[PDB]
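Colleague: Could you put the whole structure together from the sequences, leaning on the hints where they help?
As a plain string of letters, each chain reads:
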Amino acid sequence: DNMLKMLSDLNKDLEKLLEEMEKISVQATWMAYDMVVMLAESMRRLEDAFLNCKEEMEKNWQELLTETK
Amino acid sequence: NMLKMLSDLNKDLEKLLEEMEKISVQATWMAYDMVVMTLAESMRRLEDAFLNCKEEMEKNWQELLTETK
Numbered sequence: 012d013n014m015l016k017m018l019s020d021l022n023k024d025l026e027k028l029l030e031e032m033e034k035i036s037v038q039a040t041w042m043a044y045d046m047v048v049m055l056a057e058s059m060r061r062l063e064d065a066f067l068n069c070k071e072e073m074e075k076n077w078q079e080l081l082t083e084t085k
Numbered sequence: 013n014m015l016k017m018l019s020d021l022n023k024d025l026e027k028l029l030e031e032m033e034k035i036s037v038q039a040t041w042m043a044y045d046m047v048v049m054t055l056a057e058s059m060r061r062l063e064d065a066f067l068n069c070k071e072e073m074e075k076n077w078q079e080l081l082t083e084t085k
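Going down the list, the protein sequences come from chains B and A. According to the authors' numbering, the residues represented by the first sequence are 12 to 49, 55 to 85, in order. According to the authors' numbering, the residues represented by the second sequence are 13 to 49, 54 to 85, in order.
These aren't lab readings, by the way, just hints derived from the structure by calculation. Mixed in with the good hints there might be a few duds.
As the list claims (entries may be wrong) - For each label pair, taking beta carbons as the anchor points, the in silico distance ranges come out as:
1) A/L15 <-> B/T84: 42 to 52 Å
2) A/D20 <-> B/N13: 44 to 54 Å
3) B/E26 <-> A/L18: 32 to 42 Å
4) B/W41 <-> A/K75: 17 to 27 Å
5) B/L67 <-> A/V37: 14 to 24 Å
6) B/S19 <-> A/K34: 23 to 33 Å
7) B/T40 <-> A/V47: 24 to 34 Å
8) B/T40 <-> A/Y44: 20 to 30 Å
Stated by the list, open to error - In silico contact screen, one side only, chain A against chain B (beta carbon under 7 Å); selected entries:
9) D20
10) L25
11) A65
12) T84
Even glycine gets a Cβ: it sits at the ideal position worked out from N, Cα and C.
Modeller: Here is the structure:
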């Protein structure tokens with residue numbers, strides 16, 4: 012049916028979200044690891065940026081929960 | 013005292029990775045639970065909520081790239 016078509020679309024969109032988060036994960040990890048091996057201030061800026069991004073994502077997620085409730 | 017700074021960066025990176033892990037697992041089950049249990057509309061709402069969330073995260077990520085120079 013048009014079933015395989017609908018699945019296809021939910022799949023691609025879920026995948027795009029998962030891939031976006033995958034990219035952030037890998038990039039954020041190397042920003043941190045590169046810093047500690049390659055200072056006080058840059059560590060502070062990066063770690064505040066991590067917390068800011070995490071808080072924004074948590075708000076994005078509450079927004080999604082609302083759109084789909 | 014380098015151990016303390018690392019500890020703080022590790023914790024904050026961890027909090028970001030853990031947030032994305034939670035979103036990943038929850039978004040995956042929202043998708044899979046729908047295709048097994054107004055299907056058309058609910059699928060549309062969810063997949064567009066995924067695209068919206070992915071786009072917001074990409075903007076959050078550009079914000080971080082800017083803050084960290």
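Colleague: If you check each hint against the structure, which ones fail?
Modeller: Result: no hint breaks.
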